[PDB]
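**Q** This is what each chain is made of:
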Amino acid sequence: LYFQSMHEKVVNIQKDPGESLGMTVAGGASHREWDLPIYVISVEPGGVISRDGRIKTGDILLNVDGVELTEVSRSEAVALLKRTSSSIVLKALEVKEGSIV
Amino acid sequence: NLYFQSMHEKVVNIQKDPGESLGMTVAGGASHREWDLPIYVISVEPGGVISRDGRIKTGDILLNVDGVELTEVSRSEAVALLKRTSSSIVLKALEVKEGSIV
Ligand code: NA
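So the protein sequences, as listed, match chains A and B. According to the authors' numbering, the first sequence is numbered sequentially starting from 402. According to the authors' numbering, the second sequence is numbered sequentially starting from 401.
The set of hints was computed from the structure by calculation and includes no laboratory data. Misleading hints may appear alongside valid ones.
Unchecked claim - A few chain B residues that face chain A, going by a derived Cβ cut-off under 10 Å, partial list only: (1) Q405; (2) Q415; (3) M424; (4) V426; (5) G428; (6) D436; (7) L437; (8) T458; (9) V473.
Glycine is no exception: its CB is placed at the ideal position from the N, C-alpha and C atoms.
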């Protein structure tokens, strides 16, 4: 039996403008062999993302402020995440379960 | 000021008992909307084969098992390759070493 469970979240975060999100992201479509997701690879303890609690290391970022991240470059995705703003809407994916091997 | 990232491949030859599992859990190998999730390591069982070996980590994307490129086979075939009864398994994985802080 193959199990897998997905939870796609809409995460509304209010912050100070010029406050960073406090997470580290990697992935995207920059390289020849891959169109990878944008992964959250670290979260800074006590930062915006950390205090919010909904997005954690291992989650995938799907959409930032209405823009689906498949439609823009990794550079542009980072640009969207870095936009000066006091609120940001992120859609993220949390994957659970899997096949034990 | 810099928003650099880096990812690196690694080849891991593991010797094990034919009766023992790898001691990890894999997910992905399926699409979500317009996203194709690669097969990756979602969990590692403390003290199992993969844990004791120490080279493959949670989050590693699995590229190739025993010569078979996983993008070229079904998800279930990927899982079957990993579960093969054998005393040695060769894995090629892709690890994100560095990302962009936002
Ligand atoms: Na690409």
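**Q** Each of the hints needs a verdict: does it hold here or not?
**A** Checked hints:
1. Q405: Since chain A brings a Cβ to about 4 Å from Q405(B), closer than 10 Å, the hint holds.
2. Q415: violated, 16 Å
3. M424: holds, 6 Å
4. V426: holds, 5 Å
5. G428: holds, 7 Å
6. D436: Holds, because the Cβ-Cβ distance from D436(B) to chain A comes to roughly 7 Å (cut-off 10 Å).
7. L437: holds, 6 Å
8. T458: holds, 7 Å
9. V473: Status violated, d = 14 Å.
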